[PDB]
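Here is the structure we will look at.
Missing here is one protein chain; the remaining ones are kept as they sit in the complex.
Labels run A, B and C following the written order; every chain starts at residue 1.
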Amino acid sequence: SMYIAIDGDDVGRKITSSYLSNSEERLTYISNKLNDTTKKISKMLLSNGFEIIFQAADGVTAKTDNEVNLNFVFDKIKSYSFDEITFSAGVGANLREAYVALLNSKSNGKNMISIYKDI
Amino acid sequence: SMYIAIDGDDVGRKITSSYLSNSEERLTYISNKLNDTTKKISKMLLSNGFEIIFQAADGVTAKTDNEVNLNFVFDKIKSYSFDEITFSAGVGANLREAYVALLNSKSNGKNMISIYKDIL
Amino acid sequence: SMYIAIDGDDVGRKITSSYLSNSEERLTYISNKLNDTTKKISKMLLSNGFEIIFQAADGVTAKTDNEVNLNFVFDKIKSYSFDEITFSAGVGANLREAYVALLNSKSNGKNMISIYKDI
Partner (left out) sequence: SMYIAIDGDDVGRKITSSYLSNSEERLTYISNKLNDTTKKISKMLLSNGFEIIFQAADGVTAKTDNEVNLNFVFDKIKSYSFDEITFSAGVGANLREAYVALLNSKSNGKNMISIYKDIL
């Protein structure tokens, strides 16, 4: 039983920047692109045997009982980046482990995946 | 012209709590209610002549040139609370003011609305 | 071997409020009360046999190999609350457990302590 928690890297900084510069068009662009990119993530996960647990904009969490190629899955997630917006991931054997692994990725960089047992 | 920025209060803490307690049911519940609540927010704003600028996760930002009763709009916002999750808002004459007024609401309480001009 | 991580609750919110209201005196009061209270916590942990690992801003992290009464230690921490500013704590057998327990406290309330093995 494997869990994956996926979240955008510092998307809040890009949103705040758009508010402070009065950039309506950039804010609407981010809104639309976050919605479209998290749909691509969820459908890819579904096509690879996952069950979607949580799906907001910039955040998707899922689980599977099948074996998966995490390199392939995270390569797909990396290919869904747009502009200076990327996503990180944590993998674990329950929700808490995937969440802590996700914090590990976020605290050590961007556009990376961590597996809890390997920390 | 008037801009309004709306966001949930402490939603991230409820989500974090769900991960650390291994509560899939509560996490999925939060996901569904957030998405349903922000759909209700966007539809109420569009119904009062707003153009939606941003709609993602727990935030909705919009603008209008129509006349607007803010008491009506924010009483509607307050009716969309669920469990321990409330929503705050900031209003201004541009996006920057609405954002700063939202930060004012978040920093001074829960379930409240701030007009940028009243903060000066 | 026991680790404890202590951090203020929502202190950033009180600070942001003071900036946005141009409340110079309020901000300076928070600065002083924060540094004074964290020194109080640090001296208290030393008096109960801890070694300080980290002490900065609104947080103190310490470890001990000696015997401890946790109820006495955290009741002391709660007695260091001022105005609406309080502190939460996490305890574990290593730094990661103490941190995750601290995150558990912060996400479920304020002025509370979590022991990692209890979660």
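Convention: a residue touches a chain if its C-beta (ideal position, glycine included) is under 8 Å from a C-beta of that chain, and two chains touch if they have at least 3 such contacts.
For the chain missing from the display, the contacting residue among C:68, C:70 or C:95 is C:95, taking the whole complex into account. For the options C:2, C:4, C:5 or C:6, the residue in contact with the chain missing from this view is C:5. Listed for chain A, the residues touching the missing chain in the whole complex are 13-14, 16-17, 20-21, 100, 103-104, 106-108, 119. The set of chain C residues touching the chain not shown comprises 5, 15-16, 18-24, 27-28, 30-31, 34-35, 53-58, 61, 63, 94-96, 98-99.
Please note the rule applied: only the chains that are shown with their structure count from here on.
Separation between the centroids of chain A and chain B, computed from CA atoms only, is 23 Å. Between the CA-based centres of chain B and chain C the separation comes to 30 Å, rounded to the whole angstrom.
Shown for chain B are the residues in touch with two or more other chains, namely 16, 20-21.
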